[PDB]
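Starting from the structure of chain I, add chain B with the ligands where the hints point.
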Amino acid sequence: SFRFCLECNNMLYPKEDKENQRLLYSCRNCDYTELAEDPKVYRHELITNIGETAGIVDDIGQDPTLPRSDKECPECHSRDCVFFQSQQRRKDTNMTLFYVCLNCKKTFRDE
Amino acid sequence: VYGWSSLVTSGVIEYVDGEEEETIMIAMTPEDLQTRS
Ligand SMILES: [Zn+2]
Ligand SMILES: [Zn+2]
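Here the protein sequences come in this chain order: I and B.
Heads up: the first sequence at position 102 corresponds to 104 in the authors' numbering, and the numbers run straight through without jumps.
Heads up: the second sequence at position 14 corresponds to 688 in the authors' numbering, and the numbers run straight through without jumps.
If we strip away everything but chain I, and leave its shape as in the complex, we get:
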């Protein structure tokens, strides 16, 4: 997650203080240079799971097309829950389901 400039409102890029050997972040427009907290500079993923539980809203109980299940809420002992599978649509994705309580609104799973 890359930040933005507190003065110029552009985005800061990494750089090296060769006289102190500490990773700064350099604005390519202005001269402002702030200290950073995290020495990470890059990331790359192939086994991702973003979109597992994200396909939920507060009013997901209001969808009248979702099938309703009898699973017990571990949290709230609710005998009425709507359910659905992983909203990620890749070919190799799992087929495990998700469970939303209409009473307690906690999402859960059967594991």
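No lab work stands behind these hints, which were simulated from the structure alone.
A hint or two may mislead.
[Claimed, not checked] So the derived label-pair ranges between C-beta atoms look like this:
#1 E705(B) <-> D60(I): 34 to 40 Å
#2 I58(I) <-> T709(B): 25 to 31 Å
#3 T709(B) <-> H46(I): 51 to 57 Å
#4 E74(I) <-> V675(B): 52 to 58 Å
#5 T683(B) <-> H46(I): 57 to 63 Å
#6 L104(I) <-> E694(B): 23 to 29 Å
#7 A701(B) <-> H46(I): 48 to 54 Å
#8 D706(B) <-> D40(I): 28 to 34 Å
[Claimed, not checked] Heads up, simulated SDA-like pairs for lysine to any residue below, C-alpha to C-alpha not over 25 Å straight-line:
#9 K107(I) <-> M699(B)
#10 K107(I) <-> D706(B)
#11 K108(I) <-> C75(I)
#12 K73(I) <-> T709(B)
#13 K73(I) <-> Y689(B)
Even for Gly, the Cβ is constructed at its ideal location relative to N, Cα and C.
Frame of chain I, contents of chain B with the ligands only:
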């Protein structure tokens, strides 16, 4: 004259296109509204 348009305007029949059809759950016959023994 009480005809079709009076039913439509009294809120007992409405029109749905294909897109709105995505969000609805249509019973096939009036008996399907209740589970039989
Ligand atoms: Zn800047
Ligand atoms: Zn609950």
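Query raised in the report: What are the numbers of the hints the structure violates, in ascending order?
Result: 8, 10, 13
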